[PDB]
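Single chain ahead, written as structure tokens, the form deposited without the named molecule.
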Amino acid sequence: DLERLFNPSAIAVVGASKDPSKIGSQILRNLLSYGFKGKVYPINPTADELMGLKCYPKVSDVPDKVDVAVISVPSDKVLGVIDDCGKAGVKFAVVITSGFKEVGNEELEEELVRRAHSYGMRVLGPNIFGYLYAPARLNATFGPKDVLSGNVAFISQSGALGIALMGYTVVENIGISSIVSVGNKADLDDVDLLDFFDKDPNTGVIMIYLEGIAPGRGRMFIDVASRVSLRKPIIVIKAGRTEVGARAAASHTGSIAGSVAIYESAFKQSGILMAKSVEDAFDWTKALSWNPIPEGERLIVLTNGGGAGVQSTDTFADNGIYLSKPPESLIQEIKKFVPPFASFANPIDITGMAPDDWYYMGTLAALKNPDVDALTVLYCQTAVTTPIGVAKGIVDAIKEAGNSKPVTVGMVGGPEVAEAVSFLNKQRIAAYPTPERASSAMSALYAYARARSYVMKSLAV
């Protein structure tokens, strides 16, 4: 049970100092600036106060039940601090400190875990950059001080890339419920975390950067991940998904290369979506975060040009998604304003002559139609339109539609389109600067629907 890890009443920071360059000090600053409302206890031999907070020489001296100890002392001091934390009844030890199994000191790491468990204490890491939980206004990392609030829980086995991607979520407008650095995974791992996020009402999507899982942990991983998948999509970025890369990634952790093909199968049986890149992972996460799953396969594509529509068709085809004729009712509605040389084969081509208002009317008609399950809206900037005008039309259409059907948007053009795409994403409408990315995002929604169906059938009685 990790309730007290993500929602602690009291957090100790071991390794903080007057020196603002120290890791512990950076963590302490983030904790205060992000607005943690519980009690924070800096731990330091000499200082009587740090950042206006009463400092103590040891966690055991704290006149309070400490739930979480954030440990950033040198590795040769970690065990001593663990004993003190145990004495104090600390439930969770978050070991930032590196220099364990990943540098060949497997013995020290195993002892860390063994001594933690003897006190009933669980360990996160070691060799991590900390963790963040937005619902508790808790930023116990030395990464960026802030992230956008949302329903995405991001678990990373990587340190540098993890902390960098933390910042990247801001640029990509991804709302975060949680960031968790798991590093060496000496104790708490993906399984344990997935169990928590399953029960977390604040988390709707789970993205995991995964290098590998521990021997004998795979079966339980599938059991947990599949059940989670029934209600919440899981996206995995797999490090070493090629034969060649698997070997390389076995050095950075200090292990042996697991079978690529079997990992792929395990992910399929778990209903997990595997992203081959950071960009795909973020693009899919965005869509899955801001949309419900399509209730059926009747997908409509709307475009002011055949060119984008063909790119969309090809991209959908690559994902085993094939478009079908639109409902006649929808065609009639669109024909109220569209020219005679327009295509209704799906994608519906309202031609490059389309002014802004047509995007509103078309989108509205589509979303309102009972025989439409999803909509991808494609736009190519022309002199006849304004990108922001089109974006607002789509926003108004989605609102007036009064329902929640999956929508993705692809806009192509200059700086004005860049602004319009940004506007839409800040409205939590999945918008992308190309038709292929918009359609890949929509494909991700269908991929999750199919993965979830796979798990359901697999669990049939």
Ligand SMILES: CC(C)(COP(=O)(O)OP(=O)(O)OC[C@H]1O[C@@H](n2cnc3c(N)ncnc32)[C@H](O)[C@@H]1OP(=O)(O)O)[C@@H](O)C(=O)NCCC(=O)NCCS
Contents of the next structure:
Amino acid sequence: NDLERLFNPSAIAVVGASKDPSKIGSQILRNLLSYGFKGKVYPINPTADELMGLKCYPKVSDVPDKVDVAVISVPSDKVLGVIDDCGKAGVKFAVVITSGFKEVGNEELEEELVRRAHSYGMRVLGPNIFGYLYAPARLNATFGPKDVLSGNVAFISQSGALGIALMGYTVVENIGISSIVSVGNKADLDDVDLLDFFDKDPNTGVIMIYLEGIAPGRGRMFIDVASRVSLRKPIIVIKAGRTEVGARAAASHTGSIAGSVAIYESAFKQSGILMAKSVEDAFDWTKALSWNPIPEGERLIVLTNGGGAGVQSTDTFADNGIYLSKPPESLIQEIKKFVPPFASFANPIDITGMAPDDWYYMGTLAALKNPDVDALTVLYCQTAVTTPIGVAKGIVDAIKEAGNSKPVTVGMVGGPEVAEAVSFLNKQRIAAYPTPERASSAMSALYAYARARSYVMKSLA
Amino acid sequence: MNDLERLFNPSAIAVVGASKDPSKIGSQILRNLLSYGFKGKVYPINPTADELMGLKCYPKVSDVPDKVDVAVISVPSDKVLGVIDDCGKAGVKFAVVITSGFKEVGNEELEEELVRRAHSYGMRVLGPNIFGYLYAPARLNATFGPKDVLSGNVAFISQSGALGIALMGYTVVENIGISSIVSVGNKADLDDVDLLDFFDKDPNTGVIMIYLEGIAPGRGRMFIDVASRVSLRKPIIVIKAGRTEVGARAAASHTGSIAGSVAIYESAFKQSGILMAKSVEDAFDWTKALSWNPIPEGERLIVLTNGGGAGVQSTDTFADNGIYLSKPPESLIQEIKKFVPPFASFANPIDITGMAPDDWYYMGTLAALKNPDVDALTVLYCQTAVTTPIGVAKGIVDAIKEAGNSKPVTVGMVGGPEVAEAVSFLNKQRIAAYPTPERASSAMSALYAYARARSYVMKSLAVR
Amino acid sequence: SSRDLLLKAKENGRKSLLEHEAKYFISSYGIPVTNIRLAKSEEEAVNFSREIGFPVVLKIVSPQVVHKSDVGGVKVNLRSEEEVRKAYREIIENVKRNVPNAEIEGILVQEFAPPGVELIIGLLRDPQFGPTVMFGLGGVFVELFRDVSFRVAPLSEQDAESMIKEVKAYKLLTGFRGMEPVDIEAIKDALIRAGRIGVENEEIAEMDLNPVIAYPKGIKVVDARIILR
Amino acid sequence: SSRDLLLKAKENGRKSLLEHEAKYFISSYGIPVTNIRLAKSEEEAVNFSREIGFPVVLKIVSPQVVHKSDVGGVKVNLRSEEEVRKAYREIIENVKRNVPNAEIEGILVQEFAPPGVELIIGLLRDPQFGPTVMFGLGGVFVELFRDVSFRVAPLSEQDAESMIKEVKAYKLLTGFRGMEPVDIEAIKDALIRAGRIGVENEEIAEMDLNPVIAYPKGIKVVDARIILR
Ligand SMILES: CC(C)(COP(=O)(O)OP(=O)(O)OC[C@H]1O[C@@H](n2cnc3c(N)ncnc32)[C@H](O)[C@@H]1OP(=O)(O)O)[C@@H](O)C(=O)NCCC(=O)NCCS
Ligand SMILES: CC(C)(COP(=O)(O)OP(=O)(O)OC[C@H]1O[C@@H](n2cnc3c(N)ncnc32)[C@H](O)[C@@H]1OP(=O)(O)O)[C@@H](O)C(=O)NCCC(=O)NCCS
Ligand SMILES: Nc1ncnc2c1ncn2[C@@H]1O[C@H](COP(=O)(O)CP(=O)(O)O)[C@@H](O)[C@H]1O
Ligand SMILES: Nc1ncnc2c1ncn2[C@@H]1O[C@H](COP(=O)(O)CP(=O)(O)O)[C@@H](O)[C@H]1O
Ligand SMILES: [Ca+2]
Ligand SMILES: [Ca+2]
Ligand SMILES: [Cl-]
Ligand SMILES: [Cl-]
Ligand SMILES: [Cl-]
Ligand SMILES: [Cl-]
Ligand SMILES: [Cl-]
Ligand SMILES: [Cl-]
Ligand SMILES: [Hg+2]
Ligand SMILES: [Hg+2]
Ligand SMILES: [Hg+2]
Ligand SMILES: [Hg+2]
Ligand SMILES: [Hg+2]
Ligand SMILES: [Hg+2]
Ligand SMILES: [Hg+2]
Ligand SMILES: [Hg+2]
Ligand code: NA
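Right, the form deposited without the named molecule is done; let's see the coordinates for the form solved in complex with the named molecule.
Next comes the full complex, this chain leading.
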């Protein structure tokens, strides 16, 4: 299959839009227009002369154009009819918003839907989804938020309400998005198909998936495709049902059999996939992976103005199987030119609690420029002798002047001024977090992906 | 003596080392003391100043025509012992020694002399190498940290200087109401045990959080004896520094000590009923929940959610904490079925469906809290276009009020800027709210973890 | 074709291959097994033992006996003719008594493998992922503690090596009190081949190699079960 | 309880109690140990063996021999007079050869404890928390996997019970293939008493009970080392 005309359609129909603007079909039509889609848009309604200033048709087959994608927002008892008309009209993708299929026990209706669509060479996304978004095509075919930040992250969600909520949350966490895809019941198109597309897609550099489960017989292909993707792009999976009780629970929300926890975990490892146990971890890691190259070696330096934060960092890294070694002697000499003699250079490098703003610039610069340093996590505890924003600007300037590209994460602990500084850094695509452990877990994800890519390279010869 | 009443509630405080130069630490401490609204007497001590910050200054504490309870000492280490001697003559009961340059840099001898001289006058030492202390009930900010904190019932003790003073600021951002901040630094005299004894008796303090690198040789047995009994009434959360072998080895060099046993510290905390936090964020998330909620009276925990996804994340997270959900009582199910569609799941979590309107959050929360076979509630909310986050938040507030009881509640909200606002709104009303379902569930898990920790200690104390 | 064994079993309404057939089958995939001489008489048992060399092991072979030790159907370290004869009769009587209605196909004679580190190698079929290889240390480590690793087949060398290092009891393979490190490469090779068996032979539902004895040099599959569908 | 052994050891500049003294010492605290006899001659060994009852175990007793098995100083399951004599001479020769400069205080004769579930019970003095009791399953489980639990003494019943249930190999105590559940109450009782030994005897730096054999009814300490400071 080829999803080029799903993500970059020349013509999209919205079936189920209405004069009533509160209805979901209408919300989707609104989003499609406001987000700036440039192709042709065809509202489909049984009586409306026009909707949102656009000529409306009673059937897709009446549209004097070739429709690539039909977004279907009619009740389940009306879906099969629309599928037949769309099939007649030659539409390539049916994006079926509609709920009331396998997830509520109507397995047969769902299977009939897919077989009817396939009979016309038409593929199905969903059903029971909130739609999809593709930023490079200015395509917001969801009834979720109207806008997202632009960037290189594709987010696939098997969950409806959580997915659409997380779509909104990407904005709060400053995550730039290339795509949002609701896959819901996964009756046809699934994670494997989407990973195949995002693998090639130059607009997408990171893929995050909220995954409850995949279909029987589909796991081997999942590993084959995922592992190949992982050679070039990190995949983060939020696994729903990581525990026996969770797996049972999630199973009934979609009306499936509970999958083997242990075998899914093995499949992820074989695929080079990073499994996140929470939203927070998934987003923290995604941010870091989106904005940093992978470390080229293990010479990770931690820079801190307080031993406490440094210890918190050391412990967190160790929990992730990352152990620090002594810094290069050349870096120690460089930093000793402005640091007091009671500073620790064991790694973390403690520039002492009394460091002024300027030492963060000089320390960050010296580390990044050093040829025997592969990565840097910078930690900052607010005191009265510094300004959080001054420290933040010092880190920005050091990263520019170093002129290279090495992974960096930043932890800042303090009051409202620190919250502002962290935000400032993140709005410049420098991965910043309000605690040392989260900055360190974020750097750990860079090393985990480096190791995962290595796993897959070795596995594939 | 071991009574700290007049440390935290002094009638008279001296600041030794304040200066006409306002950039100096002594001056910063004096400024905070005045800014934060101390009602007792403040005596700047400086060698020449006629007055500092509009207050009569004296050349030595012994010249002050008053009984000074506490002397905050901010002079270089080579000037400290002299000041201690004068403080002794003046009868000061507590020396709060800001000054660095003692054991942490290898001068064990100077530090031991400090304590000996202080004890010789019946004077106790806090520190040295600290950023001071704050006690909200006494409007007492004797630190050079932020000028203000939110008032509340949490006492925070920190062995770390920079992280401690930074976390002091972070309490404001995380809406954590504070009764006390205590920097303990080198712990040459007064330590965690002394402070736990005070906060035990303190009606203003309901939760104690400690950033702990280590305790002194020979002090652990007493630590367990005091902490375990405190834990019967007030939760203690410890952020343990060096909780891994490599962290403990490294941290050993932070002050130049022997690495403490990771495994034995963990057992000591368990025997003490203490909750060990592995991160700042967990410590703060738990502290918030424990600060603002009673302990659950039983195991009947209900999770309320729109859409299954957040609910599954919650279930997995609770399971990781050894908390398992049971089917809700039939009485609750019938009550909620009065407004929820038949396609809703009542397995627990209770799924009121993803497109539930604001109103159902009010009604579901109220029904749950009012039900006699519900002990605790976690409410999860995914923002969609059919709701408003603030409307949902207010529905929860109103439900908690109308239920009129006191059952633990935590809230998780996922969404855009409006959700960030709603979560802030909830936290400012002392309703424990978090931006993900896992953090809301971990926070509720801390309430149960504290109940279990307390049960461990009680079983341990059971009369034969 | 080794597949004749599978086809014959299906034709006869059997749901498993018995030890000698299972060992023959996996042997044809290059997994090392024991000698497998099927004795019909006490006399044949003696002759086979002399050919194989002492010490030997005798085992019941019967469709109705899955757990052979539990019914007294296994005798090890038999070092002489007379001891073989004793064991032969001892097994027959145990089986007659514990499983009256058992179809006795015969008595399997095999070398007695010297002590080493016991492993388990398994094959199962997952609904999502298909044939999946399982690994773990023998005895309590899998059976009681459930300390196992999985890799979905086919396995790469990287898959095989990593799934071994993954199990909590891994250090039993790398040298401990009174025991040399074992041959990790031979284990990896067996794991890859187990995966290939699972990929290629669709009528195999499960395989259980329990135990596989690992030595400083090489391994030896000492018992084998193949379940058909 | 018989502090005199500790006082005598200090008075004589020893930094440890030897197996028989250690066993006597903990026995006076109510921890079950093996019956023991210190034989100075091969003849006393024989006579003591009859007194104890067969089968017996013989072990070297020497300050310069802490690890007795490693130097061939332990012989188990000696079932007759002749086997005792044989073992006696074998141990003496093994120790003279492997540890030439070893002060042979004699040969300890003790009952032969039958196989059960092996445990380790330890005592150490932590700089912060003082006497601390350690528990784990025997052999590889503590020595290789480091699966241990700790409780600071004195132990409550709650401490003892939970620290047993806490270790990863706990299920070896609650019934598995070919082994009944062992007496957890006897284990708890031993752990508490170990804590009392540490609390009450400040000159004890370490105690190592490795192994303690656990049975469906009761336990039995089979080796014991106490290190003084
Ligand atoms: C798909 C869904 C939203 C439709 O519900 P709805 O809008 O209330 O249903 P309607 O009957 O009003 O249908 C929508 C419009 O399509 C029209 N329509 C019906 N059949 C049609 C057809 N064959 N061709 C074109 N339009 C058609 C209807 O007339 C109506 O327009 P109108 O207002 O002019 O009468 C609903 O059935 C559903 O499944 N919702 C669940 C979504 C959900 O919660 N998902 C979870 C992810 S968070
Ligand atoms: C304590 C410390 C801040 C003092 O440094 P400082 O202010 O630069 O030192 P100064 O020499 O200026 O002394 C301060 C004032 O006390 C005065 N002073 C000195 N000895 C005095 C005495 N016996 N009585 C009264 N005043 C005295 C000095 O004259 C000076 O006042 P001035 O400005 O009028 O001259 C510094 O030594 C130190 O330890 N800093 C580190 C603290 C730290 O990191 N704590 C850990 C928390 S993170
Ligand atoms: N060829 C052989 N060499 C050495 N030991 C062997 C052996 N065959 C079997 N054993 C031992 O005997 C035990 C029982 O044999 P099986 O595994 O064939 C019987 P069972 O599992 O069907 O009850 C094995 O676990 C192993 O310890
Ligand atoms: N009384 C006894 N009964 C049975 N086995 C015994 C025994 N004493 C020792 N053993 C066995 O012999 C092993 C070695 O003995 P020790 O533990 O006394 C010697 P060591 O630890 O100094 O090498 C024990 O671990 C146990 O397996
Ligand atoms: Ca077997
Ligand atoms: Ca021993
Ligand atoms: Cl029309
Ligand atoms: Cl249509
Ligand atoms: Cl930080
Ligand atoms: Cl003056
Ligand atoms: Cl003074
Ligand atoms: Cl939520
Ligand atoms: Hg129309
Ligand atoms: Hg259509
Ligand atoms: Hg994301
Ligand atoms: Hg920090
Ligand atoms: Hg003055
Ligand atoms: Hg003074
Ligand atoms: Hg706090
Ligand atoms: Hg949510
Ligand atoms: Na092989």
